[PDB]
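Undergrad: The lines below spell out each chain.
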Amino acid sequence: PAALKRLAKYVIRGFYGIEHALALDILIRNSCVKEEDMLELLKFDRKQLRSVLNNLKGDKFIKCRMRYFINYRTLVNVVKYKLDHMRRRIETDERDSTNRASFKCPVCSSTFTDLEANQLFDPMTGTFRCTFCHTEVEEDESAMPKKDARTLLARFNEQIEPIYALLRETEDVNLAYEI
Amino acid sequence: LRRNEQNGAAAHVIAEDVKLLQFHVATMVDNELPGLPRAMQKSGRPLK
Amino acid sequence: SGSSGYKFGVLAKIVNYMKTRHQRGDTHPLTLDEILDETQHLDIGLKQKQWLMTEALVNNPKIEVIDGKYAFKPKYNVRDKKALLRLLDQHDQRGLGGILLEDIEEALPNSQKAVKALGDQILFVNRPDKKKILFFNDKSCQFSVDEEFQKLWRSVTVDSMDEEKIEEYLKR
Ligand SMILES: [Zn+2]
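If you're matching them up, the sequences are chains EA, PA and EB in order.
Those letters in the first sequence? Residues 11 to 77, 92 to 203, per PDB author numbering, in order.
Using PDB author numbering, the first residue of the second sequence is number 290, and each one after it goes up by one.
Using PDB author numbering, the first residue of the third sequence is number 68, and each one after it goes up by one.
If you're looking for bench data, these hints aren't it; they were derived computationally from the structure.
Careful: at least some of the hints might be erroneous.
Said to hold, decoys possible - With a cut-off of at most 20 angstroms between alpha-carbon atoms, the simulated PhoX-like pairs for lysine-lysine come out as follows:
hint : chain 1 : residue 1 : chain 2 : residue 2
1    : EA      : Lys53     : EB      : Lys232
2    : EA      : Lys104    : EB      : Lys232
3    : EA      : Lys67     : EB      : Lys218
4    : EA      : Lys57     : EB      : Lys197
5    : EB      : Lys218    : EA      : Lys106
6    : EB      : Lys238    : EA      : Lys104
7    : EA      : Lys70     : EB      : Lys238
8    : EA      : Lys53     : EB      : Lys198
As the list claims (entries may be wrong) - Only part of the chain EB face toward chain EA is listed, based on derived beta-carbon distances under 10 angstroms:
hint : residue
9    : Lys116
10   : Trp118
11   : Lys218
As the list claims (entries may be wrong) - Pairwise CB distance ranges (calculated):
hint : chain 1 : residue 1 : chain 2 : residue 2 : range
12   : EB      : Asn177    : EA      : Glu185    : 38 to 46 angstroms
13   : EA      : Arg97     : EB      : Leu185    : 53 to 61 angstroms
14   : EB      : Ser211    : EA      : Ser133    : 34 to 42 angstroms
15   : EA      : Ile203    : PA      : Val307    : 19 to 27 angstroms
16   : EA      : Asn123    : EB      : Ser211    : 52 to 60 angstroms
17   : EB      : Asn144    : EA      : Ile203    : 33 to 41 angstroms
18   : EB      : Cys208    : PA      : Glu321    : 51 to 59 angstroms
19   : EB      : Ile133    : EA      : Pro186    : 31 to 39 angstroms
20   : EA      : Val197    : PA      : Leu309    : 43 to 51 angstroms
21   : EA      : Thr175    : EB      : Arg239    : 24 to 32 angstroms
22   : EA      : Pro186    : EB      : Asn177    : 48 to 56 angstroms
23   : PA      : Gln311    : EA      : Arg153    : 41 to 49 angstroms
24   : PA      : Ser332    : EA      : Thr175    : 50 to 58 angstroms
25   : EA      : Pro186    : EB      : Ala138    : 53 to 61 angstroms
Just so it is clear, CB atoms sit at the ideal spot from N, CA and C, and this is done for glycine as well.
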């Protein structure tokens, strides 16, 4: 109801660009908002109004309900799907993998795993060195890290969640209304 | 195509670039199917 | 060509002169004789002046006359150039269908008004490049956050189904 509408308004404002979010300001009052009525409600640009309606038809916000006058009502579960997708993205950012094992040959640009070290290393001088490249090997250490980037990407998605906490609470209130 | 989809995609362009990609992939499989213009190397040189 | 009095488009010049003073910012109700004096077409002859009142003034669809003196007809509202923030406050009115042709001339150049508007909460977006202007406020509630466009790009399932079921299975 009003909870779902307010929830949607928050996400679609911070989602679609100012011009498309303006379309969704009149689509928040999902009623007989036909393209004809929206040429006096949004006063957009006819063909361009229809173009951005197709940009909001990827989520079918107003369900393009063919009613000639057309009546649009928001019964789509896409808004719930999109916030859940954001939560899935935070988990994906957390799982970006970790440095694993590496000693890298700077000159030939080949990277070697630790088990490979038992062959990479030099027996006589005990100095790790390359195989196809014969130049002295350099331990990756900081070079080629998948752990620092993974943590940073996870933090950025997590930073969105306190701002998104109000939207999550609105979704919870809407869920209580449904049940 | 990836850069556009990743950054500021108009989407009208996306429909067309799909055609370029589809055309190019087909050309690897065969250079002269019905319709399907023969992609050329230089000055009318049908790609092997 | 029906009936034409004296020079062609004398009424069009009269309309332009009425428009010029309003854009200048000097606004006064003007009788048909007064506008003719301003255009210097006042000595158009008695029959031609009668023709303008009987046909040319009647022909205009939006022509408005308060009583003795005619009043601005293309825009019924005065071009105040002020209270734009108040016009935005009523979102349903949405600036009372403000038009770019009405603007850039109400009493100042639009670019000067746009600089004032940018500082103010008012935001200007033009779906038609020159035909019309729209005034709206998105507020500070909307958040750019991180890779928002990429996140929308990732969710392109659209008609595809069972994606929600996968999310529900993770939720369980
Ligand atoms: Zn090497």
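Undergrad: Take the C-beta atom of EA:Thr175 and the C-beta atom of EB:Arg239, compute their distance, and say whether it sits inside 24 to 32 angstroms.
TA: For EA:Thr175 and EB:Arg239 the Cβ distance comes to about 28 angstroms; the hint holds.
Undergrad: Would you check the hint for EA:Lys70 and EB:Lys238, treating anything up to 20 angstroms between C-alpha atoms as holding?
TA: 24 angstroms, violated
Undergrad: Quick check on the hint: EB:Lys116 CB to chain EA CB, less than 10 angstroms?
TA: The hint is violated - EB:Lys116 has no Cβ within 10 angstroms of chain EA, the shortest such distance being about 40 angstroms.
Undergrad: Are the Cα positions of EA:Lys57 and EB:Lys197 separated by 20 angstroms at most?
TA: Within the cut-off at roughly 16 angstroms; holds.
Undergrad: Just to be careful, I want the Cα atoms of EB:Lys238 and EA:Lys104 compared with a cutoff of 20 angstroms; is the pair within it?
TA: 13 angstroms, holds
Undergrad: Take the C-beta atom of EA:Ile203 and the C-beta atom of PA:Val307, compute their distance, and say whether it sits inside 19 to 27 angstroms.
TA: About 43 angstroms separates the Cβ atoms of EA:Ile203 and PA:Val307, which means 19 to 27 angstroms is violated.
Undergrad: Does the beta carbon distance between EA:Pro186 and EB:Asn177 stay inside 48 to 56 angstroms, or does it fall outside?
TA: 40 angstroms, violated
Undergrad: Min Cβ distance, EB:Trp118 to chain EA: is it shorter than 10 angstroms?
TA: With a minimum Cβ separation of about 38 angstroms from chain EA (threshold 10 angstroms), the hint on EB:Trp118 is violated.
Undergrad: With a cut-off of 20 angstroms on the C-alpha distance, tell me whether EA:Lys67 and EB:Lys218 pass.
TA: 17 angstroms, holds
Undergrad: Can the suggested window of 34 to 42 angstroms be confirmed for the beta-carbon pair EB:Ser211 and EA:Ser133?
TA: 37 angstroms, holds
Undergrad: Could you say whether the range 33 to 41 angstroms given as a hint is met by the Cβ separation of EB:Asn144 and EA:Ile203?
TA: 51 angstroms, violated
Undergrad: Quick check on a hinted range of 53 to 61 angstroms for EA:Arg97 and EB:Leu185, using CB atoms only.
TA: 37 angstroms, violated
Consistency note: the structure conflicts with the earlier hints numbered 1, 7, 9, 10, 13, 15, 16, 17, 19 and 22.
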